[PDB]
Amino acid sequence: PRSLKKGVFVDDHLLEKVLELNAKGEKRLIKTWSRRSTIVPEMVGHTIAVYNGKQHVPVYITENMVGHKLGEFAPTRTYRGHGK
Amino acid sequence: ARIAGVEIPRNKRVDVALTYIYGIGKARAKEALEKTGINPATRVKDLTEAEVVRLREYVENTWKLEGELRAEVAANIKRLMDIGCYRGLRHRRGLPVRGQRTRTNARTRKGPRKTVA
Amino acid sequence: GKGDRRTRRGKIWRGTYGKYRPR
Amino acid sequence: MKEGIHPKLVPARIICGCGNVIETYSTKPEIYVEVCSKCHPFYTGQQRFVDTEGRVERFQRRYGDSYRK
Amino acid sequence: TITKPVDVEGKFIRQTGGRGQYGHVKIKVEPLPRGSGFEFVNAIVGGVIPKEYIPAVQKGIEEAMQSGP
Amino acid sequence: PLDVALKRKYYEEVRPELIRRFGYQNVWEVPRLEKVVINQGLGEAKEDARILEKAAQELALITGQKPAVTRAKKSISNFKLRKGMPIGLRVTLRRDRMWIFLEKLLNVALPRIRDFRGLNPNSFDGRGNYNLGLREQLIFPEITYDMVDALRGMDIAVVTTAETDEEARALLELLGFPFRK
RNA sequence: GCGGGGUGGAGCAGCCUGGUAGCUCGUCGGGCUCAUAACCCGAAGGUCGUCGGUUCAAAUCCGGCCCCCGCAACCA
RNA sequence: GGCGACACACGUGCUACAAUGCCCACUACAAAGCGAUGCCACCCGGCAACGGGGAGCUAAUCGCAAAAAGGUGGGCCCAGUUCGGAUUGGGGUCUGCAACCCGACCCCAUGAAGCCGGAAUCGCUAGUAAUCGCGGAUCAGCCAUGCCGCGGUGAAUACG
RNA sequence: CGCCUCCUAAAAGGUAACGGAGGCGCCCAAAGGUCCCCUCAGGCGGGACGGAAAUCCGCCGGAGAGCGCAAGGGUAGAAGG
Ligand SMILES: [Mg+2]
Ligand SMILES: [Mg+2]
Ligand SMILES: [Mg+2]
Ligand SMILES: [Mg+2]
Ligand SMILES: [Mg+2]
Ligand SMILES: [Mg+2]
Ligand SMILES: [Mg+2]
Ligand SMILES: [Mg+2]
Ligand SMILES: [Mg+2]
Ligand SMILES: [Mg+2]
Ligand SMILES: [Mg+2]
Ligand SMILES: [Mg+2]
Ligand SMILES: [Mg+2]
Ligand SMILES: [Mg+2]
Ligand SMILES: [Mg+2]
Ligand SMILES: [Mg+2]
Ligand SMILES: [Mg+2]
Ligand SMILES: [Mg+2]
Ligand SMILES: [Mg+2]
Ligand SMILES: [Mg+2]
Ligand SMILES: [Mg+2]
Ligand SMILES: [Mg+2]
Ligand SMILES: [Mg+2]
Ligand SMILES: [Mg+2]
Ligand SMILES: [Mg+2]
Ligand SMILES: [Mg+2]
Ligand SMILES: [Mg+2]
Ligand SMILES: [Mg+2]
Ligand SMILES: [Mg+2]
Ligand SMILES: [Mg+2]
Ligand SMILES: [Mg+2]
Ligand SMILES: [Mg+2]
Ligand SMILES: [Mg+2]
Ligand SMILES: [Mg+2]
Ligand SMILES: [Mg+2]
Ligand SMILES: [Mg+2]
Ligand SMILES: [Mg+2]
Ligand SMILES: [Mg+2]
Ligand SMILES: [Mg+2]
Ligand SMILES: [Mg+2]
Ligand SMILES: [Mg+2]
Ligand SMILES: [Mg+2]
Ligand SMILES: [Mg+2]
Ligand SMILES: [Zn+2]
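Those sequence lines, one after another, are chains A, B, C, D, E and F. Numbering-wise, the numbering used here puts 40 at position 40 of the first sequence, and it's gapless, one number per residue. Numbers given in the numbering used here equal positions in the second sequence, counted from 1, plus 1000. Numbers given in the numbering used here equal positions in the third sequence, counted from 1, plus 2000. Numbers given in the numbering used here equal positions in the fourth sequence, counted from 1, plus 3000. Numbers given in the numbering used here equal positions in the fifth sequence, counted from 1, plus 4000. Numbers given in the numbering used here equal positions in the sixth sequence, counted from 1, plus 5000.
Since the hints were made in silico from the structure, they are not lab data. Ideal Cβ positions, reconstructed from N, Cα and C, are used throughout, including at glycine. Any given hint could be a false lead.
Here are the simulated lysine-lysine pairs, DSSO-like style, with alpha carbons at most 30 angstroms apart [stated by the list, open to error]:
id	chain 1	residue 1	chain 2	residue 2
1	C	2019	B	1110
2	A	84	E	4026
3	F	5080	D	3008
4	A	5	D	3008
5	A	31	D	3028
6	A	84	E	4004
7	C	2002	A	69
8	F	5066	D	3028
9	B	1030	C	2011
Derived CB-CB ranges, DEER-like [stated by the list, open to error]:
id	chain 1	residue 1	chain 2	residue 2	range
10	F	5076	E	4010	25 to 35 angstroms
11	A	7	B	1043	46 to 56 angstroms
12	B	1036	D	3028	24 to 34 angstroms
13	F	5153	A	84	49 to 59 angstroms
14	B	1036	A	63	39 to 49 angstroms
15	F	5077	C	2009	25 to 35 angstroms
16	A	13	B	1071	34 to 44 angstroms
17	B	1037	C	2015	36 to 46 angstroms
18	A	63	B	1108	28 to 38 angstroms
19	F	5005	B	1108	49 to 59 angstroms
Counterexamples of contact, computed for chain D against chain B with all Cβ distances above 10 angstroms [as the list claims (entries may be wrong)]:
id	residue
20	3006
21	3010
22	3012
23	3037
24	3046
25	3050
26	3053
27	3066
28	3068
Could you put the whole structure together from the sequences, leaning on the hints where they help?
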């Protein structure tokens, strides 16, 4: 994990999008590409669309998933199984 | 089942006998013999119930072990599974979590080899 | 144990220091 | 009961570790014990021993409010 | 012409002394909207079957089409 | 009989609480314990090492009561089972012996259970009685590590003159049965 | 009508004598070879034609039902 | 985002299965190379990874730097172990916009297979094989157990 | 092809056919005498391993169990254990 010296990381072009809905009118569909962003407590209860290289994965956010990034919730390898 | 939930081997030294318990590596066996004041070189068979209760009381009250440990462990894995994140998706299936390569190897997370015709 | 990071020996091999190999 | 097939029961004393003393009966007039009902962490109110862990997972994590607006 | 898409195998392997003969091809075949024509997709990945053995693996699917079942 | 701690507790502390909660117009309407049956469900002595009266001294030190044998009713193929096969032990505890044993089982043994989160508050008969299943046997004070050879659990039948589980909960409760929920 | 039969992909044991499925080929993985056969190491595949009964237990004993071989079908 | 996929098969290796060993402390003996938004003494904080300091050096000058095996003594006593370190939980440290994919390191807990390998098969004839550490290219960091080098200890056998 | 059970068999008995269906050619030294005691199958609920079904506890359950083997009759107020 990252170094605690620097603040935890959020793209700021997204945290801007998280808070601006908190005041105007929650909520619509935030199409994101920043898989790198740690989930901020201000996101909870939102639906954000993590891209996987091809498509926008709907990700509804809850209070047990915070430290984890938006990337953990939209895999890229599509698998199914082997030998079926 | 003396200390903690599991009775420890006599004849062997206590800085390893105490490691014969889930949750207690050599270093927790390092620190639990200065803090309760007992010689590491003495055997479980060469103690006194004074030396027994001090240790048992200390060891059980400090960190969490045994079932509760495993419980929280599974709990942490169950959460990682629940959401569910990739980290926890690799527990569902049962492949490596810490991003290994799978093409070859990984036989520890995958078990005995299912040779295919 | 050259793979045992919890030894002087397993730490030498990887070329790192720690509690288990102090400098 | 039936003669000479039963383990006689005598005034026994079971001592626990936490200093607790039970006076019941047994086949062994004196017995020592790990944990019991005066010390066991289910039996003792709410002693969580070490773990009021608890639901620190999650966002107690904070550390901190260090992102600009 | 057919009335349900199938997926089938064709194993022409005769190995008993140098003499040779190895020809292996698994395919999907489906019924087109009538009047269509003969459609042939080289969906071979890489060189799993070499490039040179594909002209004459159409000429074998194509040839045997001259007589239905 | 003789003075034993849980027995005195029944008469002079538990009873009257009960009479409060449920109001009985007769002193016999008020829940008693009838008996406590221990059964080593067993079957580890089928075609294997048939004679385990090492189990029957286990039981006999716990209760001070030699148990009795149980034999296979119908013979059964899949259980490797020949009718009249010894497949277990049963000891029936009543009165002082019952009190003495139940006493030691609440005061020491049930806590000596690893990972104990409390007895199941759902194993009630629907008709007043309660049943617990113990998974091994070092649980009991008079049983050491240096006596064992195998881990045998056992089934505990707790039998009561209660008519409902409501009054069965209460009664066992008041005597100190630790229920998880 | 009388007899025998039906079990891994093929061919054959086990059935009589209830318990536990075996042999040779073939298949598959690995080996040797430039390669292929041969050969060497290793492995998987029946759930015993079906339905019913006996039994604690049925490929096995008993009944019916589908199928296949052999013999009979004469004085007329 | 992928080249890091995983039902599987092959090649090349590393680390092991232990007592000629493994762990902890005490103490020795190399070479070749590298180093100015680079090497980093020593002092201090932290069990540590590292961080805040801060001296020297365009370096037969100061430094990376301890070489390691080995030597002295002490502990474990043949066990899936004080052998083994894979896997997993939690916490961290640094590089870098950013470590979910997908980094390396630290420490805490976990402590799997593996008891010397079927058919088959490689290397080496002397400072070689075996074994032990060191450096360098690349390089922000690093998935290097790879590669190209360097020295320590140091064999066996060749009738034919 | 002899023997046992059922049906045909027309409510005593008996009653045929190359009529419909089974079974016997044994067994048990206790599976015999007697005394004493005990009551089943099945259903629901509860109980470590333990499953539909091993053993344990509860409640319901007149007999559907059991009675070595076919079937019938009989049978717990026992012929059952
Ligand atoms: Mg441990
Ligand atoms: Mg990796
Ligand atoms: Mg080595
Ligand atoms: Mg080790
Ligand atoms: Mg804020
Ligand atoms: Mg030819
Ligand atoms: Mg209930
Ligand atoms: Mg009752
Ligand atoms: Mg005929
Ligand atoms: Mg056949
Ligand atoms: Mg025969
Ligand atoms: Mg036979
Ligand atoms: Mg082969
Ligand atoms: Mg050529
Ligand atoms: Mg060949
Ligand atoms: Mg049957
Ligand atoms: Mg038949
Ligand atoms: Mg003829
Ligand atoms: Mg004639
Ligand atoms: Mg990529
Ligand atoms: Mg690649
Ligand atoms: Mg082990
Ligand atoms: Mg093993
Ligand atoms: Mg170990
Ligand atoms: Mg971790
Ligand atoms: Mg990464
Ligand atoms: Mg050995
Ligand atoms: Mg070796
Ligand atoms: Mg030469
Ligand atoms: Mg190197
Ligand atoms: Mg390698
Ligand atoms: Mg008549
Ligand atoms: Mg008449
Ligand atoms: Mg007459
Ligand atoms: Mg007749
Ligand atoms: Mg009889
Ligand atoms: Mg009789
Ligand atoms: Mg008699
Ligand atoms: Mg019943
Ligand atoms: Mg039940
Ligand atoms: Mg068992
Ligand atoms: Mg009957
Ligand atoms: Mg019969
Ligand atoms: Zn106590």
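Results of checking the hints against the structure:
1. C:2019 to B:1110: With a Cα-Cα distance of about 33 angstroms, the restraint between residue 2019 of chain C and residue 1110 of chain B is violated, given a limit of 30 angstroms.
2. A:84 to E:4026: Distance ~16 angstroms between residue 84 of chain A and residue 4026 of chain E Cα, so the pair holds.
3. F:5080 to D:3008: violated, 37 angstroms
4. A:5 to D:3008: Between residue 5 of chain A and residue 3008 of chain D the Cα gap is close to 71 angstroms, so the pair fails against 30 angstroms, i.e. violated.
5. A:31 to D:3028: Answer violated: residue 31 of chain A to residue 3028 of chain D is near 74 angstroms, above 30 angstroms.
6. A:84 to E:4004: Roughly 21 angstroms between the alpha carbons, so the hint for residue 84 of chain A and residue 4004 of chain E holds.
7. C:2002 to A:69: violated, 35 angstroms
8. F:5066 to D:3028: Roughly 16 angstroms separates the two Cα atoms, so the pair holds.
9. B:1030 to C:2011: holds, 20 angstroms
10. F:5076 to E:4010: 25 to 35 angstroms: Violated: the Cβ-Cβ distance is about 54 angstroms, outside 25 to 35 angstroms.
11. A:7 to B:1043: 46 to 56 angstroms: holds, 52 angstroms
12. B:1036 to D:3028: 24 to 34 angstroms: For residue 3028 of chain D against residue 1036 of chain B, whose Cβ atoms are near 29 angstroms apart, the range 24 to 34 angstroms holds.
13. F:5153 to A:84: 49 to 59 angstroms: At roughly 42 angstroms between Cβ atoms, residue 84 of chain A and residue 5153 of chain F fall outside 49 to 59 angstroms, so the hint is violated.
14. B:1036 to A:63: 39 to 49 angstroms: Cβ of residue 1036 of chain B to Cβ of residue 63 of chain A: about 40 angstroms, so the range 39 to 49 angstroms holds.
15. F:5077 to C:2009: 25 to 35 angstroms: violated, 58 angstroms
16. A:13 to B:1071: 34 to 44 angstroms: Once the Cβ atoms are compared, 41 angstroms apart, the range 34 to 44 angstroms for residue 1071 of chain B and residue 13 of chain A holds.
17. B:1037 to C:2015: 36 to 46 angstroms: holds, 38 angstroms
18. A:63 to B:1108: 28 to 38 angstroms: Given about 34 angstroms between the Cβ atoms, the range holds.
19. F:5005 to B:1108: 49 to 59 angstroms: holds, 53 angstroms
20. 3006: Its Cβ never comes within 10 angstroms of chain B, the nearest being 28 angstroms, so this holds.
21. 3010: holds, 23 angstroms
22. 3012: holds, 19 angstroms
23. 3037: Holds: least Cβ distance 16 angstroms, greater than 10 angstroms.
24. 3046: holds, 15 angstroms
25. 3050: Residue 3050 of chain D is in fact no farther than 10 angstroms from some Cβ atom of chain B, at 5 angstroms.
26. 3053: violated, 7 angstroms
27. 3066: holds, 24 angstroms
28. 3068: holds, 27 angstroms
The structure fails hints 1, 3, 4, 5, 7, 10, 13, 15, 25, 26 (numbered hints given earlier, in ascending order).
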